[PDB]
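One chain comes next, on its own, written out as structure tokens in the form deposited without the named molecule.
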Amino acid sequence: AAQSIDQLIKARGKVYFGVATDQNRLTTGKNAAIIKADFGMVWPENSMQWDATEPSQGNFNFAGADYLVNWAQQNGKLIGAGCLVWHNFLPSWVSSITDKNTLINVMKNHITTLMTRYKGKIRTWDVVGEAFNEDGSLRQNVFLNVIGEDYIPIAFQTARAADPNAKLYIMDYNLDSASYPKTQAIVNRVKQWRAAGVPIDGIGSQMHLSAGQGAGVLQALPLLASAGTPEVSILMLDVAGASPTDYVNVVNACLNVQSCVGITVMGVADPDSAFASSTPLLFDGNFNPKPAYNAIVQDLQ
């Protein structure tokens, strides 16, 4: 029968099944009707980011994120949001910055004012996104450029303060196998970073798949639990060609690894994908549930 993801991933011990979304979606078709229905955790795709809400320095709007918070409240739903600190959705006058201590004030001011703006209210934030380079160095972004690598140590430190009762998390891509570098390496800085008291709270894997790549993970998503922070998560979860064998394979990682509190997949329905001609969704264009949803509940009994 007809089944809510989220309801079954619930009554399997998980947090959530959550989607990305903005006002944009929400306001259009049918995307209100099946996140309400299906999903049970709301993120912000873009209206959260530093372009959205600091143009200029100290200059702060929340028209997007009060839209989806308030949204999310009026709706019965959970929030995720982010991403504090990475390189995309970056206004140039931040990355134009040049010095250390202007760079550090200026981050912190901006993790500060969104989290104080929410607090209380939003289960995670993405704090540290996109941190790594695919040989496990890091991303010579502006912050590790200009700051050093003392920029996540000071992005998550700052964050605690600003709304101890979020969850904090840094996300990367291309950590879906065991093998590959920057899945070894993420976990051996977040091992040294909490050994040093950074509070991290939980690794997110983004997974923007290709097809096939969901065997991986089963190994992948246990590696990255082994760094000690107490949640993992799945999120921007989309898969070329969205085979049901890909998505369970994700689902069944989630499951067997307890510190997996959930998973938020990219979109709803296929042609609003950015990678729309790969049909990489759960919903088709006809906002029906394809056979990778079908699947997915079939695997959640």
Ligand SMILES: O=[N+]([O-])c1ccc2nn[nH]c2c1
Second form
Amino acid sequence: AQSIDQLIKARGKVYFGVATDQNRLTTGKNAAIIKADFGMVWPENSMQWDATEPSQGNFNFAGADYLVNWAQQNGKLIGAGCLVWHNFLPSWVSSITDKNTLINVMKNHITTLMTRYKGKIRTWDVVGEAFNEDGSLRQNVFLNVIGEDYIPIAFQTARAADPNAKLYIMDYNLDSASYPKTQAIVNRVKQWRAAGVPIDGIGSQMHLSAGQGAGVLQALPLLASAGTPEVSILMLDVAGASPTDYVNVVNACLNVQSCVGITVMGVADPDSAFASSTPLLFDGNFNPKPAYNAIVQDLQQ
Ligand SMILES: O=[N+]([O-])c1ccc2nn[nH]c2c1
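If the one shown is the form deposited without the named molecule, what is the structure of the form deposited with the named molecule bound?
Shown next: the complete complex, the earlier chain at its head.
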């Protein structure tokens, strides 16, 4: 067996996933590789705020429907996001200056997207990139205008929109247990859960430099100590694609009982935003790279 999704499921995890979108599925060998080797897809761009709600209350789902329908057509799980973050955020939103207006805009955005696909989506990334590197909360428009309540409200709204989905907060630079940001998200998530915020998961966005895989072995169990039902690895790529870095990340998930799976940022190196760092698991000829084969070896029993 050569599918890393099949192999990780045979170790008891839920999926090995990949980010994609209509533009990828219509070209190259992406669809064929995803069908063969991955068990879950995420929309890279098509579910982000600027794509789905380019003006207030005016929604569009052309790309998102394409991806969701492709996943259902091909028997793949779906993760989607990000509902509330500063990236891909239209200026019409970040121009809002008052709490109630932004709350209602945010709630309508969450509810409309999640209701459209109710029951079909495994995981929603509800809040993203909410932390500064020092562990304080990032002064995005949601924090600046709503205040700290925005995170409780976002999660409570998402739970109502689709109670079947696993609701995640996600961030990057959570890759060392000694880094302030990693410690802060754990402390805040534990506080938020004790306050009744339904945070089901922490997702670690792992855009890694060479050699950073080893730190994840202790960072991931730190993240899991916040008490969420789940943790996951998102947006994974590694500059140089060292088998060692990738195997370390996989082993971290294997060693964390609440880690449900791993999502890689793309399929083939030339299509990565970081293509020249050759950071993915397939080369430009769509052949599996040494890191892919090292994952296969690590997961086979
Ligand atoms: O894991 N992912 O590659 C991924 C990509 C885009 C997203 N938007 N929200 N969550 C996401 C996860």
